[PDB]
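A.B. asks: Below, each chain spelled out in residue letters.
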Amino acid sequence: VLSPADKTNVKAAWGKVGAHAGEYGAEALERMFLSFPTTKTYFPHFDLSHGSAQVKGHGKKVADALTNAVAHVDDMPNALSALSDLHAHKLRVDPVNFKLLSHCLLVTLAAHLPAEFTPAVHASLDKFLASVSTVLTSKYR
Amino acid sequence: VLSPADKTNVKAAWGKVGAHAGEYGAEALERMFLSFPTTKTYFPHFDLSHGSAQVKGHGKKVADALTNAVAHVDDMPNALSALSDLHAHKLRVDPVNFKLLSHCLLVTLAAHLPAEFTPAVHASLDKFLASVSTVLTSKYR
Amino acid sequence: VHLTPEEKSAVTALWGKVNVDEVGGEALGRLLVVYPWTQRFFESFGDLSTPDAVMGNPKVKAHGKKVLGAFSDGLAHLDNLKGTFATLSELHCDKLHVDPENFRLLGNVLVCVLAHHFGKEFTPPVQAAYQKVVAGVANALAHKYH
Amino acid sequence: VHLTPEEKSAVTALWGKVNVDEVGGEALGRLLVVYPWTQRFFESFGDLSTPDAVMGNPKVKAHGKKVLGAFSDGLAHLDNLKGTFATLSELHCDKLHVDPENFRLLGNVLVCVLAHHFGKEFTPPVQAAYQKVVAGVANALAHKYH
Ligand code: HEM
Ligand code: HEM
Ligand code: HNI
Ligand code: HNI
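Chains as they are written, first to last, in the authors' numbering: chain A, 1 to 141; chain C, 1 to 141; chain D, 1 to 146; chain B, 1 to 146.
Calculated from the structure, these hints are not laboratory results. Keep in mind that the hints are not guaranteed to be accurate.
Unchecked claim - Straight-line distance between alpha carbons at most 27 angstroms, and here's what the computed DSSO-like set of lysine-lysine pairs gives: (1) A:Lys7 with A:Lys139; (2) B:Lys120 with A:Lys56; (3) A:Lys139 with A:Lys60; (4) A:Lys90 with A:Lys60; (5) A:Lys90 with C:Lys127; (6) B:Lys95 with D:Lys132; (7) B:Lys61 with B:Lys95; (8) A:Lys7 with C:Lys139; (9) C:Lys99 with D:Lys120; (10) D:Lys132 with A:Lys99; (11) D:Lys95 with A:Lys99; (12) D:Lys132 with B:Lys61; (13) A:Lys127 with C:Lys90; (14) C:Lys16 with D:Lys120; (15) B:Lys82 with D:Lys95; (16) A:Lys60 with A:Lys11; (17) D:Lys8 with B:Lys144; (18) C:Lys99 with A:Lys127; (19) A:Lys99 with B:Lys132; (20) D:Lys144 with D:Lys66; (21) A:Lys40 with A:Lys60; (22) C:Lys11 with C:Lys61; (23) D:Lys144 with C:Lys127; (24) B:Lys8 with C:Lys90; (25) C:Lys56 with D:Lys132; (26) C:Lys99 with B:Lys132; (27) D:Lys95 with C:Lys127; (28) D:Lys144 with B:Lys82.
Work out the full structure: start from the sequences and follow the hints.
C.D. replies: Rendered as structure tokens:
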């Protein structure tokens, strides 16, 4: 469960991300495809190389979903309901992959947020992304 | 999310286990220590010799906790509260290991329930053990 | 990765008693029932709507036999699983787009199926040897991914 | 664990700019903050009760120096990580009783610390090379467990 301090940290960190959320979403995806090639099995229809137009667009979608989760941080199971259904039933992405994108999102945040990515904030963001991942895999079976 | 149908399957299967629970708990631990030797890093203080009474005693405790969880399957976060506290705050077992014990519990059940371990029941028991594991790791951070 | 002579003998002894058809069909069928997201690769197999439908599906049975047949062949190459599965690894990566986590899931389902079939004969040491094998086979099938 | 020549050069170039003592202390501290169950091995280290207590803990910092110093030495032996880390693997198993999952967690924390320190210089291709390294080191440290 996210603590009061976790929620303050997540809101502050994502607040600082600000207008860059879409850029950072695309960067995290790029980092994932390069670092964890098995995740590419889910995107055979995508151009997955650097500067991909599909990846830039998709990163905006991912970022928007995260922004919404931050806005509804006390009701993520419901705020992410449709997206959980999509990943569980249409896409059927193996749950193991959510930790890979989560890690790539943390790395991206670290690379852009020198003052804000303190150990406490890192810890809170990891918990937050774990919680998003848990919600997104809650309807698989 | 354990469905009412899962709960039906779990209750029926564990009912059949009956007084063999303690024995199967010990067997599951033995299987885990042999099959997944990294789990032994949590038990360096134990006697792990063949037929260890310490292991057998511990299997009985694991089994009793599961029997309680089955009996309170609608209310597992409450039933397991003290055990969740213990694993989170004292034992501090990495969450990855819960899947290893759960698998060994399934294998043990399979080995002893020729008639009852249907595909549907296998699926329900896997979900149940994953739910137990979720409750036991819920307070870790 | 590296099996001891005692582990190898335990693997080979059990396998000589395995009905690859029943075990293969049972393992693939249970993979699809227990982890239903794995059905994503098999929509062409037809009706996968209930457990009974999955298990009795002729295409699931045929594919399970084929998969476990290749697994069985792999047991003759316990010291070079990576070499032997190299071709199949590339195929599953590039042509079939199968996440290698699926091999790990199948391996654990296979262990459950062996336990279900053999009962007390599937002892904890026999299981432990099989866990090494299935981990090795999954790793070998994952090894050429890119 | 197969790095390209370009990846090997990028690993070496970045590492030449790393203060190993500092980065080691930071990575071990972040491990104990982010995944607080990992504090279970460090009862003797004193106060670990808050993020600041952990990060500034002199015993944590001293230990991080040792750990990353061994890691750094391993980067000279990328083609033989298993041999390089064999005695440390045996030690962490037989004497220290450290679950090898901890090595995987530390690897990913280290990648975060490198990103944090280097900013834009820690590019997606540089990260990808470090992911290969950190997976290889964790696998090597787990290899002699039994
Ligand atoms: C933090 C975790 C994740 C979030 C917030 C997220 C969010 C999203 C969103 C917002 C969409 C678009 C939904 C729509 O079009 O209606 C999407 C689609 C998709 N996601 Fe995720 N996702 C996550 C994790 C993953 C992972 C780990 C994978 C696989 C490695 C994955 C694979 C896909 C695929 C294949 C699509 C469909 C792409 C297409 O349009 O063809 N997602 N995701
Ligand atoms: C299904 C999941 C699990 C259940 C139901 C369970 C149950 C229990 C119970 C009932 C106890 C005794 C508590 C007491 O004395 O008050 C216990 C203790 C313990 N458990 Fe678990 N446990 C589970 C998972 C794990 C896992 C995965 C590990 C590590 C591989 C583990 C390691 C331990 C250890 C080291 C102790 C303390 C033993 C001692 O020194 O007395 N547990 N567990
Ligand atoms: C859940 C996915 C999945 C898993 C777990 C799996 C596990 C394995 C394992 C593991 C022990 C082995 C040895 C193996 C072997 C094979 N697979 Ni896999 N395969 C999987 C998805 C497939 C798919 C999909 C095909 C194509 C079938 C078709 O319809 O053509 C396939 C085809 C094959 C073929 C046939 C290739 C050819 O045409 O030459 C073999 C042999 N395999 N697969
Ligand atoms: C969270 C657990 C944990 C992790 C992730 C970890 C990860 C690593 C990694 C990974 C890159 C390396 C190369 C490494 C190297 C070392 N560790 Ni690890 N160690 C860990 C827990 C320890 C413990 C515990 C000790 C003994 C500490 C003490 O109290 O003296 C230790 C001791 C060492 C020593 C000193 C050996 C001795 O005392 O003879 C070295 C060198 N290591 N450790």
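A.B. asks: If a hint holds in the structure, say so; if it doesn't, say that too.
C.D. replies: Hints, verified against the model:
| no. | hint | result |
| --- | --- | --- |
| 1 | A:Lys7 with A:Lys139 | 24 angstroms, holds |
| 2 | B:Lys120 with A:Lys56 | 18 angstroms, holds |
| 3 | A:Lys139 with A:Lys60 | 24 angstroms, holds |
| 4 | A:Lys90 with A:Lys60 | 20 angstroms, holds |
| 5 | A:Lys90 with C:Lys127 | 21 angstroms, holds |
| 6 | B:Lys95 with D:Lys132 | 24 angstroms, holds |
| 7 | B:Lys61 with B:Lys95 | 22 angstroms, holds |
| 8 | A:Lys7 with C:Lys139 | 16 angstroms, holds |
| 9 | C:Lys99 with D:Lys120 | 23 angstroms, holds |
| 10 | D:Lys132 with A:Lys99 | 25 angstroms, holds |
| 11 | D:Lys95 with A:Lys99 | 25 angstroms, holds |
| 12 | D:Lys132 with B:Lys61 | 37 angstroms, violated |
| 13 | A:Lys127 with C:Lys90 | 20 angstroms, holds |
| 14 | C:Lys16 with D:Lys120 | 17 angstroms, holds |
| 15 | B:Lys82 with D:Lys95 | 32 angstroms, violated |
| 16 | A:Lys60 with A:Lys11 | 18 angstroms, holds |
| 17 | D:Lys8 with B:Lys144 | 19 angstroms, holds |
| 18 | C:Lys99 with A:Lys127 | 20 angstroms, holds |
| 19 | A:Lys99 with B:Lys132 | 17 angstroms, holds |
| 20 | D:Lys144 with D:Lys66 | 21 angstroms, holds |
| 21 | A:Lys40 with A:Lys60 | 18 angstroms, holds |
| 22 | C:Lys11 with C:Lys61 | 19 angstroms, holds |
| 23 | D:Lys144 with C:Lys127 | 32 angstroms, violated |
| 24 | B:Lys8 with C:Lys90 | 42 angstroms, violated |
| 25 | C:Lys56 with D:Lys132 | 25 angstroms, holds |
| 26 | C:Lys99 with B:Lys132 | 25 angstroms, holds |
| 27 | D:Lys95 with C:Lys127 | 32 angstroms, violated |
| 28 | D:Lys144 with B:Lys82 | 19 angstroms, holds |
Going down the numbered hints, you'll see the structure goes against 12, 15, 23, 24 and 27, while the others check out.
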